[PDB]
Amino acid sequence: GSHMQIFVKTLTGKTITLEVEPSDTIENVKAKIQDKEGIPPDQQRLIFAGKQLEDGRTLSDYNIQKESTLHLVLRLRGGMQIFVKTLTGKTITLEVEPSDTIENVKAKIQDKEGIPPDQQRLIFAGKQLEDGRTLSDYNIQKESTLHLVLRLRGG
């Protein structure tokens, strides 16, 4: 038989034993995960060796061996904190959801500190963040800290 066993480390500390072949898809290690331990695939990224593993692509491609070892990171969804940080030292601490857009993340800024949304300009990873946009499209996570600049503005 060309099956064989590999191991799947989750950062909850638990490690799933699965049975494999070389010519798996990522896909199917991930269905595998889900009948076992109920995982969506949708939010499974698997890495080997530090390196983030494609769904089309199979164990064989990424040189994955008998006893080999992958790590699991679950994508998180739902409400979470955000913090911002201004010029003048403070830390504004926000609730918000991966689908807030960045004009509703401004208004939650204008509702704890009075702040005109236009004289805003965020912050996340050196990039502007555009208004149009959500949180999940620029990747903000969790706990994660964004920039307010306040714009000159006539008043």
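Residue numbers count along the first chain shown, from 1. First, how it differs from the form deposited in another entry.
- Each of residue 38 and residue 100 is a member of a different rigid part in the two-part motion between these two forms.
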Given for the second form:
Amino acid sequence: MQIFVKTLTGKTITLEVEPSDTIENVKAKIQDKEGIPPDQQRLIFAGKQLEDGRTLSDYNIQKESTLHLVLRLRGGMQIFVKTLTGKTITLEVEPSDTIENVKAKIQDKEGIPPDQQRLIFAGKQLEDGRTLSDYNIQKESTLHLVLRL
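I would like to compare: after the form deposited in one PDB entry, may I see the structure of the form deposited in another entry?
Keep in mind that what follows is only the chain, not its partners or any molecules around it.
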């Protein structure tokens, strides 16, 4: 099926897709066609930011559906949140951001409830009320992300 991805300037990317294709697959196509890194890409449909792990069918995206592409600026501090599946999530953050706030971003991006998230850094399970600075988390530091068992 054919779908359209539009920037908020009206710049359009037309994609050949399958209902079982994932949002991550779509970002890969956008990178190959437009040269936009997947990390900068934010896809929106029906007012929701679309999670990489989900399929187009999961979001009820169908023939001739129009998705919105919002792009994230780099700017200052980035950190990596890394799964043991080998997925590396880039987050734009600030030193005074709390772990609670980071998990809220992960919930938005990946659909994981904050209470199910375990972030690990320096061998420690990170607590929600502390800042990145409190934990000495620096530019391009990596946090391990695993689920509660």
